[PDB]
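Shown below, as structure tokens, is a lone chain in the form deposited without its partner chain; questions about how it binds or moves come after it.
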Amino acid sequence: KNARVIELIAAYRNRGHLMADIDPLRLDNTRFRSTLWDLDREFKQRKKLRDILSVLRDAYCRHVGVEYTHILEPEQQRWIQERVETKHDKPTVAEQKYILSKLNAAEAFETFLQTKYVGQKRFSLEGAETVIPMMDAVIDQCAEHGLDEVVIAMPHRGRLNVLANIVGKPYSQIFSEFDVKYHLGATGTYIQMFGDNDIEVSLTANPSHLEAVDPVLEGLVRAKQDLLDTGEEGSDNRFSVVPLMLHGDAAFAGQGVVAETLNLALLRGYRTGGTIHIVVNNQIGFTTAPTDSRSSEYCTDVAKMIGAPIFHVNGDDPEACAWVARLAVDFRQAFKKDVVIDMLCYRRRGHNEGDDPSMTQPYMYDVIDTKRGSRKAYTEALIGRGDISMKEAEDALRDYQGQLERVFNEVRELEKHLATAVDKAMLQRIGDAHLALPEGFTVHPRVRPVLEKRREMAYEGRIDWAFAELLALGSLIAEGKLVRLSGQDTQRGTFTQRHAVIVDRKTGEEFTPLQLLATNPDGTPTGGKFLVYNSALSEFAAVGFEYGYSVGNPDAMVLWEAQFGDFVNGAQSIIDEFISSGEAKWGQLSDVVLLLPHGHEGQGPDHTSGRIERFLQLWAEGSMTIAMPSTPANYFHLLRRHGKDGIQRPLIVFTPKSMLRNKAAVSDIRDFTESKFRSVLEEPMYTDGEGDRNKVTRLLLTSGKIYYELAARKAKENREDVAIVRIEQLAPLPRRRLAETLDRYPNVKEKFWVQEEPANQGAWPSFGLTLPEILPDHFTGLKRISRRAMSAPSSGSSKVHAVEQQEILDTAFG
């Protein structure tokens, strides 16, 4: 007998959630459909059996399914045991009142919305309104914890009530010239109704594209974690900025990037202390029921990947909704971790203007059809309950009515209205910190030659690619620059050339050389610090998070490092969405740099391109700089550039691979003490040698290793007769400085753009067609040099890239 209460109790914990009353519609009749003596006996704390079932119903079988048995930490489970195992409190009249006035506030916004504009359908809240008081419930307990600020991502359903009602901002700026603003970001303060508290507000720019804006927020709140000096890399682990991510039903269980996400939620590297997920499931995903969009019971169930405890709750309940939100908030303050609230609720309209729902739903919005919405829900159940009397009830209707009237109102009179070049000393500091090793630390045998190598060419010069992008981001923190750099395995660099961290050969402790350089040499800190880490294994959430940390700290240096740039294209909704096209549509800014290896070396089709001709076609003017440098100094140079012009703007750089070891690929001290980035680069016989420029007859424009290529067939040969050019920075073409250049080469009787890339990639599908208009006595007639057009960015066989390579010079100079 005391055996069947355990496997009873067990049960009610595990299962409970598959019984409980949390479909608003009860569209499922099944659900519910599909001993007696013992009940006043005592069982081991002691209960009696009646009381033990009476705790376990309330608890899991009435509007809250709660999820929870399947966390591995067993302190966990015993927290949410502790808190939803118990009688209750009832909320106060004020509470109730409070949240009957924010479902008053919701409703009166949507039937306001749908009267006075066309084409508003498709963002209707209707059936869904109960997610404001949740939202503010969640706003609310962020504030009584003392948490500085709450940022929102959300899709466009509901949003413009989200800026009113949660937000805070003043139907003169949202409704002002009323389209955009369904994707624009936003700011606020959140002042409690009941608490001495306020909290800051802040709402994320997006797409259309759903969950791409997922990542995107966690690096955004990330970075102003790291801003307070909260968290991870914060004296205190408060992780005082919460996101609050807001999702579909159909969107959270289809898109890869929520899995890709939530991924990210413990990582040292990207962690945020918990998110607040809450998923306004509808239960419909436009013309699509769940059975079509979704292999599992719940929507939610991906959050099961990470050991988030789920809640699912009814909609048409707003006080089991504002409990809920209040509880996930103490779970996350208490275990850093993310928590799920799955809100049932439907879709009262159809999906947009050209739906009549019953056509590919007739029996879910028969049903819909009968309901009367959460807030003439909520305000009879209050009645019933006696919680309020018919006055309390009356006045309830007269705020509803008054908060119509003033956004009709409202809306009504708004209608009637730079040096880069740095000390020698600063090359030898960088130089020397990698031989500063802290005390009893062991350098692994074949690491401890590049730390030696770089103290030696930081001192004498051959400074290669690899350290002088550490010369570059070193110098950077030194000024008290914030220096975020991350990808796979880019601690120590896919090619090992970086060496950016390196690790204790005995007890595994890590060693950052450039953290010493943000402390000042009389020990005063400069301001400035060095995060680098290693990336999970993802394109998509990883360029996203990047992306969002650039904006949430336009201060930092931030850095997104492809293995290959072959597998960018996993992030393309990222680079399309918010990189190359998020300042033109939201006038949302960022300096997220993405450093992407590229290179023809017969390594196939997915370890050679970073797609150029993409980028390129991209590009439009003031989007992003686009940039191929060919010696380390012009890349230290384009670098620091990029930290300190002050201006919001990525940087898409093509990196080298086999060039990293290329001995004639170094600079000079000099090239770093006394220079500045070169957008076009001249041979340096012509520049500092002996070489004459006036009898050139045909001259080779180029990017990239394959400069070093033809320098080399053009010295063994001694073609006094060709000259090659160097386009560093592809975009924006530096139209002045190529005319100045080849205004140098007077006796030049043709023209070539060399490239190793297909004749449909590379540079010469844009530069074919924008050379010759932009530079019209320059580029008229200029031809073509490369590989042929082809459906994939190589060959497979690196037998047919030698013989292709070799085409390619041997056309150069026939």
Second form
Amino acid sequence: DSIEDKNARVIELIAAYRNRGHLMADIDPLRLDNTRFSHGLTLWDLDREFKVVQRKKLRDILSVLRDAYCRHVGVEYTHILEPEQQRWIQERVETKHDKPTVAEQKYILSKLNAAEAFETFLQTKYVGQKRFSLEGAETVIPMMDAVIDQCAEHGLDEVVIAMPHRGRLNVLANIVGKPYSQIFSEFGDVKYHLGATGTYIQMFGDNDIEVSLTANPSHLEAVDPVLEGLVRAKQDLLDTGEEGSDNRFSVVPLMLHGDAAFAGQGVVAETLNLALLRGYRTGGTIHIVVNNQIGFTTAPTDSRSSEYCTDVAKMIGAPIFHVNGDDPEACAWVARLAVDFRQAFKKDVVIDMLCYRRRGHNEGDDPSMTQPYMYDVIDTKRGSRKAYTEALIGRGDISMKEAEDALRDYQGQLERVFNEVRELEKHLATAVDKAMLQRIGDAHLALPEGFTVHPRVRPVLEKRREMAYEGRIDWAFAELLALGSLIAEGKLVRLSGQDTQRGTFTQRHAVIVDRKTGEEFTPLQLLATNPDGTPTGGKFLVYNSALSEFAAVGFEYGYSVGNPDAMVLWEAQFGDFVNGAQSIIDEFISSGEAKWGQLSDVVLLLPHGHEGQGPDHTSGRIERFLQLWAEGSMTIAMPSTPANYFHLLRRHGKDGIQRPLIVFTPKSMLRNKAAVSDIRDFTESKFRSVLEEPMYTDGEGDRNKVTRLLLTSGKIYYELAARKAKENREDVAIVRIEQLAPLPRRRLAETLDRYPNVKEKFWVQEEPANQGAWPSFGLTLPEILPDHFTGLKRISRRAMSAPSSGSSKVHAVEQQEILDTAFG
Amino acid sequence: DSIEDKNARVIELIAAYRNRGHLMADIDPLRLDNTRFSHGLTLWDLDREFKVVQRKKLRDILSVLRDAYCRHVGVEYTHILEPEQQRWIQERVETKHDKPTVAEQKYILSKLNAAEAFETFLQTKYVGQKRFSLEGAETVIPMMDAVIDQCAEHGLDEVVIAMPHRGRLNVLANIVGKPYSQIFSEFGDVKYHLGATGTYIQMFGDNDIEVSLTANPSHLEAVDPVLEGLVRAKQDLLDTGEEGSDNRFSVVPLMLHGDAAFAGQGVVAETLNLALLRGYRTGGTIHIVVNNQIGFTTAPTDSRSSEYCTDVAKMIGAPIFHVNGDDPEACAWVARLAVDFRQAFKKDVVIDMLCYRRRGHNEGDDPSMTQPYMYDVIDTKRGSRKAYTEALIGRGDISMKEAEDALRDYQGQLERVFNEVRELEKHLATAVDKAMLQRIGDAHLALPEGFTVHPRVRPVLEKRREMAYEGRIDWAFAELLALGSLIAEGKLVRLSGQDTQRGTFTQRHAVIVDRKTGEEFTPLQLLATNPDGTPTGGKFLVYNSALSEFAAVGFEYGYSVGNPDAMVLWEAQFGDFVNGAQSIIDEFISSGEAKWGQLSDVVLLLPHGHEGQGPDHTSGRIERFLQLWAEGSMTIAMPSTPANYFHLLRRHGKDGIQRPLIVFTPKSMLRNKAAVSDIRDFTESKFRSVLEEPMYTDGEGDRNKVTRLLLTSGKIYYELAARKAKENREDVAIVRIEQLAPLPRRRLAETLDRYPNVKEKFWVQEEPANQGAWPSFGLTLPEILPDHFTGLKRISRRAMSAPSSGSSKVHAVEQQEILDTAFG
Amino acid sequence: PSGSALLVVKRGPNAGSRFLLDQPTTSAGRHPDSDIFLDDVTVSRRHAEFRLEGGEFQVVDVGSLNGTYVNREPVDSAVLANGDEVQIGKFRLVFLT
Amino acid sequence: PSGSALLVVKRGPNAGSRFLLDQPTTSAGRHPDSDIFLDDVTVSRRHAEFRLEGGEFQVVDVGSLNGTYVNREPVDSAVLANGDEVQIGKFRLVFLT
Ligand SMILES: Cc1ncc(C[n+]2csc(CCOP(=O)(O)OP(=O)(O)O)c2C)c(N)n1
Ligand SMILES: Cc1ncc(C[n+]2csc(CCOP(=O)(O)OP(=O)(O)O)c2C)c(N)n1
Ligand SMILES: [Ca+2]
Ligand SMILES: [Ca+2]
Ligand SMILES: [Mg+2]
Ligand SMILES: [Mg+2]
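Now show the form solved in complex with its partner chain, given that the preceding structure was the form deposited without its partner chain.
What follows is the whole complex; the chain from before opens it.
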């Protein structure tokens, strides 16, 4: 072995530390794994010089490599595909670090004092707080503080936090800055689920930054896409980020996690997947995993199939720093480095804080029952605050007097919280003018100079200008008429979903693509400018989503929470795939207002209808949304006309009420020649929750001849009306319930009273008997209106375990059976 | 720059190709990115020798590196943490490859002939097949064939496929081997969703292997955990893998995906996360992504935030091979290498097949509307079969005569399918004995020699032996009595969920841990051996799951499909988190039998009940399961007694019917002193769908005194009975409906007829009016039994948008309001 | 079986099936009008011929894509002996006198 | 304000609040009985003292963890001048004659 061999071995040894040094780093404060701690070189090569461009001794290369990668920080970065990102990390991690000042060390110790005094109070004063204990993980408080401080050092506007329950009240008091009089007002509680806002002031700098905490259910990680949507709405408002004039992304998401949930919940990977998308990016999220190496009673070997709980973050080439929770200086240093990386590259950074869970998962849990080895080790562990104070004395960083000052400060914080809580205990029109319709029609033909329209798209543009002036406005254009007029009035409109720009049924064309250059044109964006050239203040933000339901619906819900003034619509490819977002629907959309006072105006567009395309292309599960509904929680509709859908959307965007809207939208009814509206229906009408046939309101129809009343909703009305016209059946009338919830009790009663000779009333639906509106209407209508619906019968498909048959032939037979029964 | 500098530059250049060569590989058959295609060395260093242990010229190092990493295969492996796995790949990828024989090339060409003739027939004969077209991706057929052949070369038992719809009928015909008479029996269809089995025979080898295809909904990726459960049940049956006597894992999962869904669906990461878990591993899955660089109308830049659609696979350190779909030899070679890796290391391998989508997404779609550049390039592309035939001629591998033989073979396959389809068109007791109960009690104290029981666990073991002999058997022991007796009778029992070994409410203790050594003991596993020492054939497979609902419920459903003879139970931590698995419940559990004829006997255990712990710790959403139900789809129950839960489980496991069971299980009722059963209830009874108070069946109660009948289900019975006893109210009786679905019409009527003096009947429930059993019972009971329930009224919590209030104080007031109304 | 031969399918979807060789030419292939119909995509429409001339029984490949094997050896034509194995696509046939 | 001084909070949760200095010793800290109650976890229970002796106004740190600063400079004790900025934890106070 010559010098050439020794040189080669040194280069490979350098690469081995950079790549795999993290596998030998002293990251675990419990040291649970005994066996945890290139070889062509020996002791004789230690003082030999090697090219690095300077010549360095092997012992110096080794001390730099060991300090950078094998101490209390495990660095994973060589999986990153961008070489400039690898160099940036390598240079900051391999340089000699400046020791913190005494004032910085004392400040970190002051945050450990605050975190431990809060935990000590929480565990002593109340029973049932063990499940929320931050004991063994208090270092997360100086870590989060360093994140927020570093964001303030960059002069950013706000840090928005999402986190599970563990240490939440400690974060409210010591990070958000909420006083104990507000935190301990009642006697876990709703307090572990509510949102909050506060102001963070730098200790050593000149800036302030807003700090907020979003609301969340107990469902671990479900809030992750909600936080991103909320941050993105705040960034769009501040004219920062993707849809802003600056590239600062000055609203930062700070996302906290547990080790078992971070690996097990699919919504994590769905949310990471959004990190660099044009429609969803927030300029990089700062993640903190509180890695206590346990999940209730479950060991990490039963929770994940990889070395680290953070390995899913490699999905987007994010850097990952595993840091020892017993070293608060390294924890604060990693936090500042994470923020600097996020600012330089606009990409997620993951901090894996290795720590422990001092207590059992909850009250009455002796965790040594299932993890005796771990808890025999934890019973010998001294706290973070005492260990750090002792480290500072031993290093000579602080005197014994200064350590006494710190213990004094600690006892004073402990006295303060115990005494404060003790004293607290003993104390508009939706119609637009013709000019608006024409302008939105004209916008579809106001193409940029030399734009080449696809020959199949050109008739759509020309038909819209034609409809705007002549009428017979179809469903797809009425939607764009509603969104376009809101933009012209100054509203921000965000529309997204799978293939939503063009539309699943090739009906929308909200974005059109140049046949020769691939250039995009958005006709509705022209409505953001008044005829005089001044901006209206409005905007059209239309995107194709990722192929996700859970993260996409969660993002749109969060976006609507972040900007109550925006019109926010999410569209399912088919309503049948929205069950993929069931956790978001159950935990945020349908219930957030009642549980947390958190309001959302999000719209869900669910393509729905029996057309013979199978059980996954037929239903948005109307029955499930109706079951979730309670007075004032949501508006649920199934409009049958383009103009009534237009009025519904305009009412939703202009009512000054924050309440989700669920719309069951059409598929074949988009091109049904009878399902078109007149210009007058847009300029001289409003949203009608109950509709009659045009022969009674506009024609020469006789309502006194009617003996059989058919109540329905959706596209089946047109088939019922076609059979009625062919068979010339004046004895039968069809009434449509456009607004399914809240039930329009008053309008329904007034409409039914115009038919004094009805002997029998039937609810007609395409859906099986256990589905559609019948399970709720069948029960509620006779109770709510007994003089109108006592004796109401059902006409539907038979009850089924799936939304429909898989056969289009069976569908057709069943569809003809419903019409034959309705007119039998 | 000396030799030392040149040497260093060569080592770094070697590392750069291994790490990042894949970024320059010619993987895209469309070459859409023009800009796609260490530097201290020059032309003068090309013939200089460098240490590699042999000395090699730079030009030779470069040709090996370029051939291995920069041709038609992009290799990603240096992210793998196991060095032995990196070496294994590096050695197989950097060695000189033996060119395939003419017979192997001709065989691959025969598979391209088969794939293209099938596609040509499918697109010509039927309308509405464009959405399933495999045109531009036909190479997936020789690729899958090479996977299955390589599994047969290892002498494995079966390959089980899960895939979306694209090319499914082509896979049925050309991989599974189903004849056209079965494939084209009807006129997308249910055929794209059904399961199938076949026999694969090696062309050049001596083995056969079974090939099956699992059923699936349209929900992309939802089947992924279902496939894993199915494979794991098949491996357990064959005594292979984790729970087998051999380490062969001789049932192989072959999982197909699309590029947009693989990145966007969270269930992918949840399923990868299961790959090395003891309770879920299947010895590695072979993944194939049909990467056509599009998702309906959406470009990859709107679908993912990373370089590759396969980057989520880095979550588990899986190797990834990006292969050019226009090179079928490299595609077949990567497939064989993937199987060899899977066999050597029992870990997933991902194949990213880069290809294109020749047609629009469906009928009437001109894809140049949204992707004009891509489709102008695709319109110039010649097919895979013609290009490969032309490559073989140009290389001199085949003569012009042999190429003519191949074209002849192709036309013959085309004629065969067109003509065949043309002709097809013109043509037991659940009770156990006392000895069984005692044996299961005794098993809890039959500890291994020197086992140290935790002092808090010891009373549980002793109380079970006591209950087995003396009675007052609680809920937790009755469950183990049911599972234990099934094992003793020879049944395989699989039980899993979050913290399911110990139990969320510290009640199960199915596995106990040695206080000093951490050793595990499973008392019920002793029932797998008869008193004579012979095995019963039974087994207890009990695990703690990952922190997942979607993948965990999907796995248990697939496991039950894979082994209809197993007792399979999944347990939610609280029923409130099962909505995380809503896609599995809607698409497989509740509906798979009606849609595909696919049967499952899976059990879902859902902890449920109003106890003041908030809207995420109260409800399993009984109302949602009841809404999904249709005759013969599922059994839904809420037992109130330990013995009735025991009989329910034994009936489910012994009835010889494959039908899912939904059980709403207790929390505080586990330790309710009144909710205990006698020995006699286990030895001399059966499952009772309707229960009366023990004062009428066993006591001195007078049913003729009853004027008010209270119908209920669950734990509220005990509070209703306590109030009745305290107030001595003989005029009120309480009837329990234990089986919620199918409604026990006959037993309910017989029970109500024993109270001839009832004037008023009320349905009593803890749940809000829009939740629990009332929305379905309120509507169905008066219709089904009009002489018993016409006039039935409700007593419940008010209708809410969440399962409960967040306040335990409000809960207590509401709970007392229900009892006060019931006895008002 | 006076002067005749038998082909028995040993490997393939119709394992156990027997074909009699007693005509001058006996066609084997995927065409349904083949004398010996071997229904697998690995078999060409026109694949092989079993020719009987004088006393010898011969197998001849007639332009198939995957070829014809006699006792694991590829052949254009071969005189068959008792107990020989003929491979036509994935099918394995035993020749018997 | 004859011979007295004023402290005005410029940075902190109570920005705009004014404290009068006219006693011999004026305590500043997190204890609610402090003369100047500065309610932030960065402030120690007993943190600083504003001492008036003769004509000079002095700030003195009484054993706080995060210390006391005068015009961005850490001090154990310092004579205050008109317009000086005193930092006690995250609070910034301006001293005025
Ligand atoms: C989606 C979901 N499933 C299940 C639960 C129940 N649960 C509460 S805590 C817990 C374990 C959490 O483990 P980890 O994520 O490591 O966090 P830790 O409690 O250790 O901080 C589980 C399964 C939940 N709240 N959410
Ligand atoms: C979970 C789910 N969401 C939405 C859809 C609707 N859908 C059908 S095809 C498609 C795009 C698929 O893209 P990719 O996965 O790349 O597959 P490809 O069709 O290109 O093979 C979508 C969104 C679905 N079937 N399942
Ligand atoms: Ca609104
Ligand atoms: Ca059964
Ligand atoms: Mg944890
Ligand atoms: Mg695709």
